[PDB]
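Starting from the structure of chain A, add chains B, C, D, E, F, G, H and I with the ligands where the hints point.
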Amino acid sequence: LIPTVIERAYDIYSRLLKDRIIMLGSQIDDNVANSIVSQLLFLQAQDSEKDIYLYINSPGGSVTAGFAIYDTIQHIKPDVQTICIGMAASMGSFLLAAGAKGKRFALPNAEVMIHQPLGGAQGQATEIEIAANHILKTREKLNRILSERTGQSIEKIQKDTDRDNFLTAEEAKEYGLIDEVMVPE
Amino acid sequence: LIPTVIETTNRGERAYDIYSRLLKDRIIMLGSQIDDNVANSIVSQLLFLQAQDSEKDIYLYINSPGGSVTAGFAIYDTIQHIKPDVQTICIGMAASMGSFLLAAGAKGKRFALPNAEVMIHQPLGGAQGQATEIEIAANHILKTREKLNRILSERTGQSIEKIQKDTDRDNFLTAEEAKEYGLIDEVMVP
Amino acid sequence: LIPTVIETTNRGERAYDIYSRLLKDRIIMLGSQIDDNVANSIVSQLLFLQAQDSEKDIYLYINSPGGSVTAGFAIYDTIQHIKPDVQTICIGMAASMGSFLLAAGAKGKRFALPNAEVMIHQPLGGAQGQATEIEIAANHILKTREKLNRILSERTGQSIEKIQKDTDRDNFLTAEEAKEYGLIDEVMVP
Amino acid sequence: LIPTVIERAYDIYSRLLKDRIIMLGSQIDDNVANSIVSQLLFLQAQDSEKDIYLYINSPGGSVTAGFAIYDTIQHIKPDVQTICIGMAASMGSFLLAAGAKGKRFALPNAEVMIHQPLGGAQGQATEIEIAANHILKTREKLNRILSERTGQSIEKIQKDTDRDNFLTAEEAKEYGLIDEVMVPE
Amino acid sequence: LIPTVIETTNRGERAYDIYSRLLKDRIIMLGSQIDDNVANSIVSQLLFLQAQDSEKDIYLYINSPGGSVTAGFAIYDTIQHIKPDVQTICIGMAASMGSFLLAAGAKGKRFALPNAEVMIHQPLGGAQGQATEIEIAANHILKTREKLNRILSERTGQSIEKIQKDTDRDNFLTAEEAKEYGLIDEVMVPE
Amino acid sequence: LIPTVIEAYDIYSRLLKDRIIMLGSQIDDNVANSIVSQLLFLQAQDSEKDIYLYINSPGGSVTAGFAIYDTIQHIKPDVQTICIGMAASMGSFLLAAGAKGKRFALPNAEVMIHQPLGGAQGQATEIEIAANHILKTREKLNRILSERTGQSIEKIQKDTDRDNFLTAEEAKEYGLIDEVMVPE
Amino acid sequence: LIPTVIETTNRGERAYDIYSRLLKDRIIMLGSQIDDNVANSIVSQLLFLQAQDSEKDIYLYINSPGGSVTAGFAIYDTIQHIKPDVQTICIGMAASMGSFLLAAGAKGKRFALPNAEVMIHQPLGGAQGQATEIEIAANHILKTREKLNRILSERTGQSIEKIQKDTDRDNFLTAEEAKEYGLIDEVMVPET
Amino acid sequence: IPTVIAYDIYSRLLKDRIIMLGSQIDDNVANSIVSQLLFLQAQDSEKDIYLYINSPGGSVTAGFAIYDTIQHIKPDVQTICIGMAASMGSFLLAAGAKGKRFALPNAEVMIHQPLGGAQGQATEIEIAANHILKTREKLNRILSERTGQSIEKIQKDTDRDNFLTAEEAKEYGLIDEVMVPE
Amino acid sequence: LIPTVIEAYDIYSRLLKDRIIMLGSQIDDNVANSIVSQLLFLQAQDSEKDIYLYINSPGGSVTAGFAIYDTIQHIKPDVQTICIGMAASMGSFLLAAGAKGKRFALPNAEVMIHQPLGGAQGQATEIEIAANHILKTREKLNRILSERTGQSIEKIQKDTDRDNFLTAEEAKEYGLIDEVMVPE
Ligand SMILES: CC[C@H](C)[C@H]1C(=O)N(Cc2cccc3ccccc23)C[C@@H]2N(C(=O)NCCCC(F)(F)F)CCC(=O)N12
Ligand SMILES: CC[C@H](C)[C@H]1C(=O)N(Cc2cccc3ccccc23)C[C@@H]2N(C(=O)NCCCC(F)(F)F)CCC(=O)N12
Ligand SMILES: CC[C@H](C)[C@H]1C(=O)N(Cc2cccc3ccccc23)C[C@@H]2N(C(=O)NCCCC(F)(F)F)CCC(=O)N12
Ligand SMILES: CC[C@H](C)[C@H]1C(=O)N(Cc2cccc3ccccc23)C[C@@H]2N(C(=O)NCCCC(F)(F)F)CCC(=O)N12
Ligand SMILES: CC[C@H](C)[C@H]1C(=O)N(Cc2cccc3ccccc23)C[C@@H]2N(C(=O)NCCCC(F)(F)F)CCC(=O)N12
Ligand SMILES: CC[C@H](C)[C@H]1C(=O)N(Cc2cccc3ccccc23)C[C@@H]2N(C(=O)NCCCC(F)(F)F)CCC(=O)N12
Ligand SMILES: CC[C@H](C)[C@H]1C(=O)N(Cc2cccc3ccccc23)C[C@@H]2N(C(=O)NCCCC(F)(F)F)CCC(=O)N12
Ligand SMILES: CC[C@H](C)[C@H]1C(=O)N(Cc2cccc3ccccc23)C[C@@H]2N(C(=O)NCCCC(F)(F)F)CCC(=O)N12
Ligand SMILES: CC[C@H](C)[C@H]1C(=O)N(Cc2cccc3ccccc23)C[C@@H]2N(C(=O)NCCCC(F)(F)F)CCC(=O)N12
Ligand SMILES: [Mg+2]
Ligand SMILES: [Mg+2]
Ligand SMILES: [Mg+2]
Ligand SMILES: [Mg+2]
Ligand SMILES: [Mg+2]
Ligand SMILES: [Mg+2]
Ligand SMILES: [Mg+2]
Ligand SMILES: [Mg+2]
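Protein chains in written order, with full-length UniProt numbering: chain A, 3 to 9, 16 to 193; chain B, 3 to 192; chain C, 3 to 192; chain D, 3 to 9, 16 to 193; chain E, 3 to 193; chain F, 3 to 9, 17 to 193; chain G, 3 to 194; chain H, 4 to 8, 17 to 193; chain I, 3 to 9, 17 to 193.
Bound conformation, chain A alone:
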């Protein structure tokens, strides 16, 4: 049950969108990506100069869906701020790190997790090889961009994402995944 606000009637999320706030509040799949991409394109058309605010409370999900959002963020004119509230894990933390430089935030008790991509492969040896080569290339792609966005080496990113790596908001700032911990007003 999503509440409605009247001032024109808006569901609460649509009301936030009126003030250029986009909610990434779920597992990332193609539906979520298509919606966020559409919202980004709409907000750019509305105003190419004003900041956009991407709220992130997400365990991650599809890498290609994540890259749909990533590429649209980088394509458009306006700065897209990222703010981690609750959790950003996996492709969620990747998108957190993808916000406009100097405008990537987390609230003090927000959790950030980084790890290597997950997948599956079944069938013939050559099919397994193709799937393995694909996920390994995808991992190099992710690591390269994360290196660029954080200032950490690809070597360090590889090592630090080998297993689940949980970071506090302050640790995420130290790592270069965010720029600042947003403290209470």
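Simulated from the structure, these hints should not be mistaken for lab results.
Possibly wrong hints are sitting among the right ones.
Pairs of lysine-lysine residues, derived as DSBU-like cross-links and limited to a Cα-Cα distance of at most 35 Å, are as follows [what the hints assert, rightly or not]: (1) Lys58/A / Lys149/A; (2) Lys164/C / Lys167/E; (3) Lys149/H / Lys109/G; (4) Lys149/G / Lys164/G; (5) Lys109/G / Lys111/E; (6) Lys149/C / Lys167/B.
Leaving out everything else, chains B, C, D, E, F, G, H and I with the ligands in the frame of chain A:
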């Protein structure tokens, strides 16, 4: 079936579902298990209410068995970030992350009704796979408990040691006991 | 399929689902098993009706087999907190936490229709795990029963000892027997 | 798919309710009872003197839910006519018999069935005893009211409801469950 | 996996599964939930043993949560019918119809080991359908309870009223408490 | 789920107002019918202005894909194609089907090409019919892909034998798209 | 698939499944979760062994995660009732009621092999229904715990209080730690 | 299972002191193998026993039942890997009498860290984590002793699934020799 | 229902008395353990007389197959292989592993060769380990098949890329068997 209320309000007539009507008077309902959807909604409502009026109190109704710790912390951090005081009112039950959020309301403005139940306990989780994966999961949930216990100590005035001991198992408190503990400030009487 | 009713005003025809139409005249329907969703809705309706008119009676219709004790206490405490008298009217059945809420209506304004069924019994629950966990769960449900019995004693005029004995097993009462017991004040005749 | 009628757009059932017609067209549960009770209360408030029409096409259902409807019918001022179309069985036929005296009808090919209440009990001997005593008292309550409404003895009602007893509309009139078979006009 | 024991006898070597070996020595194992299969087996063993020797004691081991009342009464009536004394020995647990059968052993020869658990409670059942069917089922289980209580009164020396009250809910007894109650005669102490 | 914008439109309907169609899911008949209807509507609205087909899709039904393909080729306006996230299978086929010079992908978008998938069960002659059908369908797909990319049918056959993942730049090199759309 | 062993006797050639062969030399295998079937079998074997020889030691092998408390007490009481000493030997694991039985072996004849795992914890159970039914179930499991702890105190030399504290949660012990605790007498070291 | 004349084939092999570990290791398998070892010892305390290993591993405690019984008894227990030894299976392969641990040339040996699970309260998860970590240390220490490799190296090499050929297993010290065709 | 013969033997045990082993099912560890035990037993009984391995099998576990393979090569006696019905996958591998000159198939027996099948799930590095493992296993299989057939590793790789069904005569031509056993 959520009922609708219709008001003839000077500039015309407006129809509200009952929860949206409560939101018009700065009342947010945390009335279910805490997951990311619930957290996203409450966070959005908090941000909206601050924008509407940065000074007037917000009222967070809590009837919840708790749920996701990270989802709970989304709500917690948004409460602490915004300018307005967020009152918390426990009606029915606040358990687990629900009682954590009850304790997170503005100092002096945390309430429970007389027969409301408050329960505190340690976080729950799971881990499967390799020994090193189990270790990572264990270290994570232990650090999460320390985080929770530290904040609860700050909010209640109880020591971290006492919080640890009192949350080892399920600990059910009456509204009055929750006040004594420092989880709330007052039992709201008729 | 819930029917819609349309009433013609000067600024248009206002359309109501039948339950929302009843709410316009301060009638709240407790017509299902009591869970947190039902409790949150009823609590919200009570708060809304008080704000709308702090003096006029509210009418709580009860056709319910009961359900969650904490959800029931959410409704109970909200009834006792608000200014207006909340009349209770049992139609069909009030069982368990449903009969508790029937007995919780404003003194002199608790009713049942002549063929309505009222049932009282002890709380139901479950516990699994370690011996100390079972002990905690047992102590909790026993304390919950004491609370329920104490309040029922206050509301009915019966002794706690009698309430304990009469709720040991399922105890079915006619409307007239419920009046004799003190669970209601009057059998509403045609 | 329930059709809409425009004169005020109404779903067909809401349109019938505008002319004081209530549809009991399903198995009787608490939801159905709450709705019918609310409709009865609303119609009384609208006009305390004009007849209400209760359409009955129902296999019956919950006895307590049925008694919610029954007591509300008897409580309110207006006469509630009952009209059996298709079938009235069990608590459905009980409610058919509960309509205003002289205003209980069935169409010629409508089926009326009467039988004893159904239930269940599991657990300890004393629990089974409580459940048995409860359903037996419920049966006595039903039979007593049916006797009053039909003019048949409690003894006869007991015997005739021991097993499933199917009646034609004409037989239901003879029995005293209805007053008239509504013939074509 | 039930182990086998092999003995050299006078007429050759003989192989027994462990339970069949115990039966050779007039020991019957009631070691499971009581259903008709269990009852038929125990009844057959009792009849066989009685034929083997109408005089020598039989030993009924009881580690059972109870079960079917009629199946229990098959065992009960066969015990009472046959000539030999049937000793009863509770090891682990006797609950419900299991404790009834424990109490049904030969007077003076009903035992429990010190940490054995004895539980008594009222019969359990179910009924669904028409009101008159529910009435028949209720009357049946109530009459069955009386029958059980009457016999338990006779075997324990407790009043029917006390039995009724003490079996209203689950009533767990230690071996010593079961002796005090009259369900057994002695707590068998270590030799 | 889907936010509303007021200037009231759901976000996707708002994009459709500016001639943007979203192919953002697995391709089935429902998706195809919707996209076909949108294409026909946009042509009727303006026969000369470009249409923009967003593609984030793992592919799906070949016949549903061909419903979209044929409608694109039938209508007057140029249909630009833009791969964002992923285009796989029939999704990449449709990406390659956009107006010549107006097929794009964003830099980190993934393009995958492979042979059609299917099933057959029953009698030997039924299996033969199903096999002949899917083989003819593959030839149809390969022929069109050859025409659209400039690659030989022989090369297409070889390169689609197994799953073949391409970067946006590789897709441009292959002739599946015309340009990698760089940040503005 | 349980293998068979054949030994040639004087009055013929005799075949045993491997477990039955071990039983011939007074070895009983508690090698599974403890339920009533397992208890009934072990009780029968103990009675049989006692009858066969009231004086020679019996060897109870324990590789078990535990299980039913009442089934465990069937085995426990039979061990204490019979004449012969019952040695206990933990190989692999003894947990819960399994450890309880390990500790119940003849004094001085309770063993574990060096890498065997011993676990102690409080009893587990369930209860559902009316408040008074839950109370009865709670009182029952609590009394059962007290019974277990009292006997464990007697068998180990540890106080009931220490046992209560050390069984509050899962407590894993090495064979050497189990000896130190008093659950066993000796760690059986490899032979010459 | 075929019969030879009467013995089932496995019981016939047991007559010549051959024990088959040919399945996933659970308590039933461990109890059987332990019983066979004890029996063979009683039959002859001096003659070698032959433990065939074609197993994906399984329960660590069940594996240790077999391990401790092997080390307790007098006779040397040869180990022979045929097909596969993985996990606790390779642990037992390495546990055979020194100089008498073998694999056939195409046999596969796999080593990795123990697997497990934990659910419930934070303190319960901590207990479970500490338990599996201790268990890993126990396994690694013994493997170090049996192979001559350092505990540090074992830890590194078992972090993920590590597949070895028979020759590589010999090089590692898990076996002594690759048994070549007669 | 396996019939009994009295001269008492179940039919398969009777065949084993004459040094005939039946590989008549999917290859798993149980099947491998049984066949290994039978091979060891027979050798003990007579180190010089031929053993006959009947193969009617769709294949199965590669490691289980290698248990049988290595035991065949280890023991002294020649192990003849005879394909009746079908030998597929690891089944055809074992058919090819029989004593040189003593590998047979009946005229209508079917022989199928293909690459190994498997699965992998989890982290990228776990998928890599699983991929490297199955690829090394394939190389091992291909190398041995090359040695046993006289075909090049390159040809084996190409011919096992997909399911490759061969007649008994084609299997002889390939070098998987030595002779097609004709009616006597
Ligand atoms: C030159 C601008 C972009 C690059 C170009 C174009 O490539 N696409 C394809 C496209 C489709 C969908 C998502 C995309 C995300 C990133 C990049 C391209 C995307 C649509 C866009 N349009 C708008 O934005 N129109 C303004 C209204 C927008 C609103 F959302 F409000 F409808 C239509 C006019 C047009 O030329 N382009
Ligand atoms: C107080 C947050 C700061 C000032 C900042 C910013 O960080 N975020 C990111 C954000 C996104 C989502 C949830 C957040 C919760 C806590 C903190 C930040 C959150 C959006 C916010 N905006 C509004 O609130 N705009 C007024 C309209 C608000 C309404 F809800 F009504 F739409 C847009 C203008 C802006 O600078 N910020
Ligand atoms: C009468 C003072 C109550 C005690 C106080 C307060 O504690 N709460 C928290 C609360 C939240 C939810 C349910 C509650 C039930 C019982 C008691 C408190 C409850 C909300 C309430 N508000 C209203 O009722 N506003 C009038 C409009 C109400 C309407 F429903 F129409 F929106 C907001 C202003 C306020 O100070 N309080
Ligand atoms: C003297 C009328 C009854 C006795 C009395 C009262 O007891 N109840 C409780 C009640 C609640 C629900 C169902 C009931 C069925 C039968 C009897 C009582 C029922 C509500 C009713 N109300 C209306 O009918 N108001 C007119 C508007 C009604 C409309 F439906 F249109 F909203 C509110 C004013 C009031 O005093 N009472
Ligand atoms: C005391 C039983 C009476 C005298 C009688 C008789 O009623 N029944 C029926 C019967 C059947 C089954 C169970 C019974 C249990 C209790 C009572 C009767 C039962 C069989 C019995 N027989 C034996 O016991 N024969 C000796 C051999 C017995 C052995 F078990 F070893 F086979 C056959 C000769 C005979 O007259 N009766
Ligand atoms: C393309 C037009 C063709 C030649 C012709 C015709 O074949 N079809 C069948 C048809 C049906 C459905 C999808 C189709 C897709 C591609 C081709 C044909 C399709 C309908 C169309 N109409 C419109 O487009 N009318 C303008 C309004 C359109 C709007 F979408 F806005 F409603 C009706 C007048 C008419 O002659 N034709
Ligand atoms: C020490 C047991 C006492 C003396 C006594 C007795 O109480 N029970 C009941 C009983 C039944 C089942 C399990 C029991 C476990 C512990 C204690 C008693 C148990 C049977 C036993 N019998 C034997 O052991 N007979 C020797 C043969 C034994 C063999 F196993 F081989 F068959 C029959 C002769 C007898 O008097 N008693
Ligand atoms: C002094 C030897 C050992 C130390 C001692 C003892 O501790 N156990 C317990 C035990 C039980 C089960 C498995 C065990 C594995 C390893 C170590 C001990 C095990 C049984 C053993 N017995 C035999 O082996 N008897 C010879 C016959 C054996 C045969 F298998 F054939 F039955 C019984 C005589 C006895 O003193 N012991
Ligand atoms: C040629 C294997 C050598 C000589 C050696 C040895 O390594 N193993 C281990 C082993 C175990 C299981 C399967 C094996 C398969 C291939 C190779 C070794 C295998 C057992 C064998 N034995 C026999 O064969 N004994 C004769 C009786 C045989 C019979 F089957 F009939 F029981 C025991 C005496 C012995 O030294 N070895
Ligand atoms: Mg940007
Ligand atoms: Mg605040
Ligand atoms: Mg009030
Ligand atoms: Mg009336
Ligand atoms: Mg007798
Ligand atoms: Mg003893
Ligand atoms: Mg040794
Ligand atoms: Mg050979």
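Is it true that the CA of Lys109/G sits at most 35 Å from the CA of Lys111/E? Holds, at about 31 Å.
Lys149/C paired with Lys167/B [C-alpha distance capped at 35 Å]: holds (27 Å)
With the threshold set at 35 Å, check whether the alpha-carbon distance from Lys149/H to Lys109/G stays at or below it. OK: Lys149/H and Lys109/G at ~29 Å, within 35 Å.
Do the alpha carbons of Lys149/G and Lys164/G lie within 35 Å of each other, as the hint requires? Given pair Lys149/G, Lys164/G holds - Cα atoms ~15 Å apart, limit 35 Å.
Taking 35 Å as the top limit, are the C-alpha atoms of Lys164/C and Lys167/E close enough? Distance ~18 Å between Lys164/C and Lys167/E Cα, so the pair holds.
Do the alpha carbons of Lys58/A and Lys149/A lie within 35 Å of each other, as the hint requires? holds (30 Å)
Every hint, counting from the list given before, is met by this structure.
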